[PDB]
Amino acid sequence: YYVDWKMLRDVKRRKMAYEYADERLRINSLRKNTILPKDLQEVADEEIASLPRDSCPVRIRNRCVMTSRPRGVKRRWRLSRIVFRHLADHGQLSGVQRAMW
Amino acid sequence: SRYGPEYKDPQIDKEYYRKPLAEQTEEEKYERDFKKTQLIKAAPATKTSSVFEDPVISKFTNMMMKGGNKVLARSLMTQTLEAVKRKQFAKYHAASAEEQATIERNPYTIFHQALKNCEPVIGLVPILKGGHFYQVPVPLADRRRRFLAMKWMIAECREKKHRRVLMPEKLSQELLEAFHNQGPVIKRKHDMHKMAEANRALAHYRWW
Amino acid sequence: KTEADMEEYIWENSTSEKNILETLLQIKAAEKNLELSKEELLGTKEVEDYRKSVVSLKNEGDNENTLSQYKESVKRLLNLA
Amino acid sequence: XXXXXXXXXXXXXXXXXXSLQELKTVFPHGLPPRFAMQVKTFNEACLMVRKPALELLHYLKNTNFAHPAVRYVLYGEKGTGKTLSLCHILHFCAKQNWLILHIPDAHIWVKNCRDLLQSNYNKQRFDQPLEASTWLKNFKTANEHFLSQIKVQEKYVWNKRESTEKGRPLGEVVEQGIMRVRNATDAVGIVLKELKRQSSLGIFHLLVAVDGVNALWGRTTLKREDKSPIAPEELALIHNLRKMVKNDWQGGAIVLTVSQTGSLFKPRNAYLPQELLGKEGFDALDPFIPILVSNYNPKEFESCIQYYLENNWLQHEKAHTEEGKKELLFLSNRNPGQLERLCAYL
Amino acid sequence: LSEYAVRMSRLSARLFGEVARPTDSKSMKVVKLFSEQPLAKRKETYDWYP
RNA sequence: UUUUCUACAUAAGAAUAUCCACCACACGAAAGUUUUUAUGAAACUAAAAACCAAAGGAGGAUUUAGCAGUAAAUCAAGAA
Ligand SMILES: Nc1nc2c(ncn2[C@@H]2O[C@H](COP(=O)(O)OP(=O)(O)O)[C@@H](O)[C@H]2O)c(=O)[nH]1
Ligand SMILES: [Mg+2]
Ligand SMILES: [Mg+2]
Ligand SMILES: [Mg+2]
Ligand SMILES: [Mg+2]
Ligand SMILES: [Mg+2]
Ligand SMILES: [Mg+2]
Ligand SMILES: [Mg+2]
Ligand SMILES: [Mg+2]
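As given, the protein sequences belong to chains N, G, k, g and i, one line each in that order. First residue of the first sequence? That's 28 in the entry's author numbering, and the numbers climb one at a time after it. First residue of the second sequence? That's 35 in the entry's author numbering, and the numbers climb one at a time after it. First residue of the third sequence? That's 245 in the entry's author numbering, and the numbers climb one at a time after it. First residue of the fourth sequence? That's 52 in the entry's author numbering, and the numbers climb one at a time after it. First residue of the fifth sequence? That's 4 in the entry's author numbering, and the numbers climb one at a time after it.
Calculated from the structure, these hints are not laboratory results. It cannot be assumed that every hint is accurate.
Straight-line C-alpha distance at most 25 Å; calculated PhoX-like pairs for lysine-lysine [said to hold, decoys possible]: (1) G/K53 <-> g/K102; (2) g/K191 <-> k/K302; (3) g/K206 <-> k/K276; (4) G/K48 <-> g/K369; (5) N/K59 <-> i/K32; (6) g/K129 <-> G/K150; (7) g/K129 <-> k/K272; (8) g/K75 <-> G/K125; (9) k/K319 <-> g/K75; (10) G/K104 <-> g/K129; (11) g/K297 <-> k/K315; (12) G/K121 <-> G/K194; (13) i/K35 <-> N/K59; (14) g/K297 <-> k/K276; (15) N/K42 <-> i/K29; (16) g/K191 <-> g/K174; (17) k/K315 <-> g/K206.
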């Protein structure tokens, strides 16, 4: 079990987004070009609009991997602030010390 | 405060150090000073041993600085001393020999004078009694008085000019009028004095 | 190739060359000396002092020495001692 | 320090004076503002003489008017005194009864022009009436005697209803360019080209003094309503003024100066000619005499202090000691413009 | 700006293997686009969750 | 006006709310209308130009902060 249903949803959006990556890339290339004819670009427009939009990149949300919390995650540890702190304060996180200066 | 109470102030005057030999208690004193292994403060950047440094001008310089501009305040002051200088030269060459003996051409003596003359003798403090605030006559300590003069000059030539008029100019005018006691600054000093005279009875209230 | 493209200042086909040419034109026309050759002019030790001085002034850049060389070369060139 | 007139060699670091009428006559144009302050303050116009000024004047003594126009250059650090070392020359050779064409700051042309007028008579050149008119109004009082003497051989058209035909005194042209201001610039250029044409005759001894020559080939601040910046080329005044440095002519002498202060797009510290002029400038400027201008030496310095004490302009008590001298020496690095300012508030 | 300058530019780029013919700031995004790893493909994205 | 602009780093040149019919200009447009560009499958989002230039002319009762490299002013970076 992933910890939440929200997680299942986003796991799947990751798998989707890896699936169609190159269709996206390829099609969008024409679409982003000023050298090509506009005519090509309209059809291609309809084409990326075609492919399932649960497979689009921006629809992805980094979460805390243990705790699932949608905000507060620190990119490097893929952890929520609460969980991160929790670990770092038993000393279980290497090289992280409470900062004084 | 990165100085502990252990660090005593620097004495920056050179005449003191070069010529000790005639003074016994002071010889004893500065002996105590460095011998005490006294940790002493890094002397400030504004204080210099320059022969041209007038502490009063420095204070007045600062109190004119908005934000962090030393540069700008320095310049405004410089232009004020200058402006008064040239204005007094103009009064000199256009005058008669008698008045040539009279006129002060030193902007500095003009400044210390125009401040001596603008400083109030007594001032008011509010006292709360039985629900009302009475403004009561208080004798003042010198430094507070100096401050009141300077503060007043700056506030006066800051506020009441017409915007086409630069600061150094107006400041020079106020300096030269306060020199002859006819200036608005002195009107202010006088309204202090009058307010103190009206309330003189209440000088009983003050307990200290 | 464009001549503003170069990494050197070559005295050849320079503008400084034209300017000296006209300068000595007017210098000869004033002196009533009817001898006219670009060969005669460009050959002289003076025009050479100027070659070296201006080549060094463009390539080396602004310097005290360099403007002392400019000083001397233009000195002898214009008859000012 | 003792003096009589500008030219003496042993009088190096001595005080030359002029009159107020001498001053209104010789510098109808600007005098450096700091020094105009000095003069209006002390009632006396006073100056000292420097080694570069001496040098320049001795070169001007040996001049041959048969030879082509000779270029000179005064370069140096900020406030190092190079604009006044132009005026020394100015009143010398104006007292020698010459033609004095003086542009105090070229920079005022290239920058800050309220009114940019478009003139296609010259094929896309812009005229600056404000500047033209001021310059002419000073130039009128500059040389009066010479203005009635010059007879211009040309036909000139101001308007469909206005013209002047050859045989006219030059002063007429000038004042007729002032009265109607819109065409003042055209008249400036005209006065210029005919000045250079008449310089062939022995009647014209021409000293052309342009301070801030860097302005001529420099990059310009002024702009079209399309926001497009305009070249120094596009300016009528400048295009015509470059023609006056060209060394094509006889009888004239051009003293020039490279400024930092009034300039545009140049860094604050660059006092060297090739920088300030750039490639176009240096190249189009041909062999010239690169006269360095520098700080006061100790003698000139104690001379400047002598002079300031003489006027009781140092009002500080301790200014008279050797202490005061060492302070002002060390704060100014004995630089003329710096000492000027250190004394102003002292 | 010169022609010599231009030809040198072309030469250099076609040598080092960068863009050949003059192209808009816009279209260059295509180059940038294949020149990279598309965001969805990065191991730091798809393999996010254990 | 210890201001605004351009140059520029910290000496410069100009502008400066009233003339008057300016061919409006002094400060102040962060707001809007238009056009682009950045991102993105999707602009409602951000930025930039062009226009426009408004309230505001130092703020009632009452209140906030600061004891020194602090307050105040100025600039740059990162997290997501
Ligand atoms: N006594 C004296 N003062 C000079 C002389 N030349 C310049 N000064 C003063 O020094 C200041 C600097 O001169 P200036 O030529 O304007 O320097 P610039 O800004 O570099 O061009 C001026 O304000 C003059 O008043 C001189 O020959 N004698
Ligand atoms: Mg997101
Ligand atoms: Mg100058
Ligand atoms: Mg200024
Ligand atoms: Mg806006
Ligand atoms: Mg407006
Ligand atoms: Mg209003
Ligand atoms: Mg309160
Ligand atoms: Mg990030």
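To see whether the hints hold, each was checked on the structure:
no.: 1; hint: G/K53 <-> g/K102; result: violated (43 Å)
no.: 2; hint: g/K191 <-> k/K302; result: violated (41 Å)
no.: 3; hint: g/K206 <-> k/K276; result: violated (33 Å)
no.: 4; hint: G/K48 <-> g/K369; result: holds (14 Å)
no.: 5; hint: N/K59 <-> i/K32; result: holds (7 Å)
no.: 6; hint: g/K129 <-> G/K150; result: violated (40 Å)
no.: 7; hint: g/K129 <-> k/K272; result: violated (40 Å)
no.: 8; hint: g/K75 <-> G/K125; result: holds (24 Å)
no.: 9; hint: k/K319 <-> g/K75; result: violated (35 Å)
no.: 10; hint: G/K104 <-> g/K129; result: holds (23 Å)
no.: 11; hint: g/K297 <-> k/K315; result: holds (20 Å)
no.: 12; hint: G/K121 <-> G/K194; result: holds (21 Å)
no.: 13; hint: i/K35 <-> N/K59; result: holds (11 Å)
no.: 14; hint: g/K297 <-> k/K276; result: holds (22 Å)
no.: 15; hint: N/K42 <-> i/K29; result: violated (31 Å)
no.: 16; hint: g/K191 <-> g/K174; result: violated (29 Å)
no.: 17; hint: k/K315 <-> g/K206; result: violated (43 Å)
Violated hints for the displayed structure, listed by number in ascending order: 1, 2, 3, 6, 7, 9, 15, 16 and 17.
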